[PDB]
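Asker: If you want the building blocks of each chain, they are given just below.
2 protein chains.
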Amino acid sequence: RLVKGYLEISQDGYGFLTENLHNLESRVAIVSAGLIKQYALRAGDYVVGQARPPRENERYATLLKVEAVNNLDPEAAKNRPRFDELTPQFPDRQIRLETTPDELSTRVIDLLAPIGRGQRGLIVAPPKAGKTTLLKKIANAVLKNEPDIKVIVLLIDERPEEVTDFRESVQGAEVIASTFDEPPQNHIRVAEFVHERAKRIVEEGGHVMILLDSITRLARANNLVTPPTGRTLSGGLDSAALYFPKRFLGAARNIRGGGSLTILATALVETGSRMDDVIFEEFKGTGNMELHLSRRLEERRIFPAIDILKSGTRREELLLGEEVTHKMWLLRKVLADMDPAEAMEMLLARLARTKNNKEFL
Amino acid sequence: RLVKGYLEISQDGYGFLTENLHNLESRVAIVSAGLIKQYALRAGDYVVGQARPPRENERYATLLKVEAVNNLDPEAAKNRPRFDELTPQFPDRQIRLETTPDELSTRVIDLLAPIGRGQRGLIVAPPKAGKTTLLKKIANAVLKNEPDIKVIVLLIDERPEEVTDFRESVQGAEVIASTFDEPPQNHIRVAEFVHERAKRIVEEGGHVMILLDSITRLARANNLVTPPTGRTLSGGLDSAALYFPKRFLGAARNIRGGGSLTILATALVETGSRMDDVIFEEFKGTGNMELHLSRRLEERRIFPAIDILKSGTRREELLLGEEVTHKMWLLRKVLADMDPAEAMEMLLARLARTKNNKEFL
Ligand SMILES: Nc1ncnc2c1ncn2[C@@H]1O[C@H](COP(=O)(O)OP(=O)(O)O)[C@@H](O)[C@H]1O
Ligand SMILES: Nc1ncnc2c1ncn2[C@@H]1O[C@H](COP(=O)(O)OP(=O)(O)O)[C@@H](O)[C@H]1O
Ligand code: BEF
Ligand code: BEF
Ligand SMILES: [Mg+2]
Ligand SMILES: [Mg+2]
Numbered sequence: 060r061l062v063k064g065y066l067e068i069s070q071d072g073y074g075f076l077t078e079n080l081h082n083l084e085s086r087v088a089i090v091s092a093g094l095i096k097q098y099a100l101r102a103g104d105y106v107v108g109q110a111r112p113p114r115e116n117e118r119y120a121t122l123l124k125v126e127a128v129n130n131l132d133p134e135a136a137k138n139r140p141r142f143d144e145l146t147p148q149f150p151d152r153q154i155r156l157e158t159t160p161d162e163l164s165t166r167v168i169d170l171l172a173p174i175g176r177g178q179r180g181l182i183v184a185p186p187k188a189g190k191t192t193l194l195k196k197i198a199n200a201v202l203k204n205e206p207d208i209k210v211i212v213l214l215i216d217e218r219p220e221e222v223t224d225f226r227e228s229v230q231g232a233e234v235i236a237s238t239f240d241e242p243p244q245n246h247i248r249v250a251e252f253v254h255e256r257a258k259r260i261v262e263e264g265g266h267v268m269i270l271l272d273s274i275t276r277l278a279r280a281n282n283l284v285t286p287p288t289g290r291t292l293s294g295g296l297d298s299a300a301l302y303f304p305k306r307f308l309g310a311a312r313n314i315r316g317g318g319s320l321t322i323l324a325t326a327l328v329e330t331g332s333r334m335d336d337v338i339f340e341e342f343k344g345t346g347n348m349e350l351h352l353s354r355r356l357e358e359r360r361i362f363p364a365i366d367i368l369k370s371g372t373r374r375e376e377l378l379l380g381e382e383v384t385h386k387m388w389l390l391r392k393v394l395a396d397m398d399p400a401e402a403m404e405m406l407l408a409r410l411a412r413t414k415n416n417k418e419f420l
Numbered sequence: 060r061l062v063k064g065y066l067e068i069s070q071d072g073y074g075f076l077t078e079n080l081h082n083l084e085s086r087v088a089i090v091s092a093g094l095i096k097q098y099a100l101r102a103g104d105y106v107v108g109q110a111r112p113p114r115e116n117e118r119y120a121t122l123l124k125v126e127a128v129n130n131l132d133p134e135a136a137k138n139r140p141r142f143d144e145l146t147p148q149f150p151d152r153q154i155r156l157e158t159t160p161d162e163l164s165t166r167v168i169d170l171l172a173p174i175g176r177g178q179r180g181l182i183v184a185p186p187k188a189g190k191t192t193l194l195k196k197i198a199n200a201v202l203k204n205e206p207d208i209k210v211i212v213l214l215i216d217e218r219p220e221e222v223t224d225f226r227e228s229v230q231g232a233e234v235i236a237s238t239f240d241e242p243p244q245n246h247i248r249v250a251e252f253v254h255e256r257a258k259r260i261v262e263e264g265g266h267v268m269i270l271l272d273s274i275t276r277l278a279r280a281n282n283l284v285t286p287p288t289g290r291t292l293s294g295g296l297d298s299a300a301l302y303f304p305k306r307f308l309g310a311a312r313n314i315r316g317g318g319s320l321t322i323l324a325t326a327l328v329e330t331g332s333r334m335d336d337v338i339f340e341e342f343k344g345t346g347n348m349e350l351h352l353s354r355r356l357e358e359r360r361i362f363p364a365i366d367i368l369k370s371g372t373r374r375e376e377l378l379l380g381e382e383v384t385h386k387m388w389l390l391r392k393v394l395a396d397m398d399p400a401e402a403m404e405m406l407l408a409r410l411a412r413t414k415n416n417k418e419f420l
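Going line by line, the protein sequences match chains A and B.
Going by the entry's author numbering, the first sequence opens with residue 60, and the numbers climb by one from there.
Going by the entry's author numbering, the second sequence opens with residue 60, and the numbers climb by one from there.
Keep in mind that the hints were calculated from the coordinates and are not lab data.
Watch out, some of these pointers could steer you wrong.
Which copy is meant is left open, because identical chains are indistinguishable; a pair holds if it fits in one copy or across any two.
With a cut-off of at most 27 Å between alpha-carbon atoms, the simulated DSS-like pairs for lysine-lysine come out as follows [claimed, not checked]: (1) 386 <-> 187; (2) 195 <-> 414; (3) 305 <-> 209; (4) 195 <-> 392; (5) 96 <-> 203; (6) 414 <-> 392; (7) 187 <-> 392; (8) 386 <-> 195; (9) 196 <-> 392; (10) 369 <-> 196; (11) 63 <-> 96.
Using the sequences and the accompanying hints, generate a full structural model.
Answerer: Rendered as structure tokens:
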């Protein structure tokens, strides 16, 4: 028999499991140490095993046996590469980008910031400047382009109506949310839970993509959670308290042996408080691709309102041929003189004629 | 004998009720736990209850019995959905906007800031820039457009003369005020009282609108109440005090099963202290529509002096049909070019000709 959950190991070798609500609910389950030792798995796995109801003198269910682990033979689970020891590479198994629901705006997305397997991406915009629905569109496209990829969406510190909008509009993909109604400890719990789950899932050589609403909101939430860390960075920020979100985003990587972990998250800047500017800068050095969204292009209601000059990716050539290298080099040389708004509208007119590759052809 | 009020449950199951002034008075009455347990009501769910002539040896009145509660059968109260569990949606039961008392400025308001049942709205303006009587006009219009809606007005940290002006000019709708003469404790008491009152009134599937004068003044009141923040935010804010106005404003929501809660509150920016800019940004991400008011437009005495480009709402299409969707799309494409003062003067000249719908026709 297999009850299933996300293992959270307690100090004493036994652990706990949560339910499908992806929040601590009364349906938690307890996990014994002996079986995990028997199969010697790594923390945060999608654990399954046989269990027995709460015994007399026992207030909660307890583990009796295990039959199959992580949907695989437990013996095979005994030997596997460790996630943190996987040889990282640059994204070399690119996800070819072609999505129907909006071929033009999605053309802008593809042509300005490519997305590949294991991309450590980050999108940075001021408040109320085009984030959540953009993430929604990206998720919807991915759920059609690569049905094999396990796509997970995480929402921290956001409005409930957006949560329900996604849950209805995601068409069955794992949508996890934690509205601002919950105390920040709930945010941290859910975030780290999904972090470990994704890590252990990717460790199996799989391709995982996490779309994180409100990452700089999550950073402010850490600051609230941030108990001291010591010295105050400029703007009320903590020095090392960004270490946990730093590792969270740094998980995004390409692995040369198969599988990948790509995180795209929404960051806030120009909020009038140095805290957010410093947070964004601290993340900018850790992500491998950044998407600046210019507040003025949004004020002009040009979507996507991307600050093309400031925006850019790292190692396009590994995702883009020398031919695309040269054509985009020419585009940079030329559009440097074209204004962002006029450039955007010009590109809109041109690409409405043909697909990205058809435009290249 | 029926006493009607808002049960404030104390620690020991016995609670308190207040009087019509919505301020602590000598007329507060005590309540017993047993009947509340019998009818399984929720905090602040409009309580109608019986009692007796208190006995001797009791320093305060004590409750005997209950006859009818929530103006409904108390037994049915035993099983009902809870407010915090209601499935929130975007406002989809729109309140069609047609306001006679001044149809021009209110034309500007309706055509720039849609109002629907459950609108979590926010309006921002520097000091002395057109707030209080604007809220007054909104309240007066609502008291003619939807007589079925229970309209409540809350005034925090404001001048008494405005309080009397409203109480005379509201024509019987619930006007609650707490002048700055009172210490901040009174502000907090009244604010949370109204919070619970509105929440549990909406819990009955009803439509409630709260018009909150002085929301940023209320934020500064919290700052005076800001007990620590731990680390001091830019300007002197609290991390945990802002949680309470955050939840207060986030109460505003649209419910898919009927009823809604709409809060429109007045906010302050450009006050020369980082506190207010930080607070405005903090609320901006929590409200579902924010209305900037430009100080320069007010200096020109343009009412409403709205910074049209900066101002905007979320999910207009959910309130605005495809036809209106495209119409406002064209209007945003065009009016971006018109300068605020001349833009609004032109808008007055044009829309003064016809009603909004007639202008569309
Ligand atoms: N492509 C788009 N076009 C128009 N509006 C958008 C688009 N993408 C997102 N938005 C809007 O931008 C708003 C800001 O996104 P969000 O990340 O929720 O803000 P924050 O996280 O700063 O509170 C969203 O509420 C959404 O309605
Ligand atoms: N449409 C308007 N035209 C002219 N004056 C207005 C208008 N609306 C509000 N006011 C004025 O703006 C003042 C602002 O007071 P208020 O905003 O309540 O103080 P505070 O900002 O301290 O809460 C009011 O006293 C009112 O006289
Ligand atoms: F309103 Be969010 F900060 F984009
Ligand atoms: F009229 Be408000 F105080 F700006
Ligand atoms: Mg949003
Ligand atoms: Mg005013």
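Asker: Against each hint, give a clear statement of whether it holds in the structure.
Answerer: Now for the hints, and whether the structure bears them out:
Taking CA atoms no more than 27 Å apart as the test, residue 386 paired with residue 187 passes between copies only; the shortest distance there is 22 Å, against 33 Å inside one copy. Proximity of residue 195 and residue 414 under a CA criterion of 27 Å is satisfied intra-copy only: 22 Å inside one chain copy versus 37 Å between copies. For a Cα distance limit of 27 Å, the shortest separation of residue 305 from residue 209 inside one copy, 23 Å, qualifies, whereas the shortest one across copies, 34 Å, does not. Taking the shortest alpha-carbon separations for residue 195 and residue 392, only the inter-copy value of 25 Å comes in at or below 27 Å, while the best intra-copy value is 32 Å.
In this homomeric assembly, residue 96 and residue 203 never come within 27 Å of each other (Cα to Cα): the closest approach is 39 Å inside a single copy and 52 Å across copies. For the homomeric pair residue 414 and residue 392, the shortest alpha-carbon distances inside one copy (22 Å) and between copies (26 Å) are both at most 27 Å. In this homomeric assembly, residue 187 and residue 392 come within 27 Å of each other (Cα to Cα) only across copies, at 19 Å, whereas the closest approach inside a single copy is 31 Å. For the identical chains of this complex, residue 386 and residue 195 are inter-copy neighbours only, at 25 Å across copies versus 30 Å inside a copy, given an alpha-carbon limit of 27 Å.
For the homomeric pair residue 196 and residue 392, the shortest alpha-carbon distance between copies (23 Å) is at most 27 Å, but the shortest distance inside one copy (30 Å) is not. Taking the shortest Cα distances, residue 369 and residue 196 sit within 27 Å of each other both inside one copy (23 Å) and across copies (24 Å). Taking the shortest alpha-carbon separations for residue 63 and residue 96, only the intra-copy value of 17 Å comes in at or below 27 Å, while the best inter-copy value is 38 Å.
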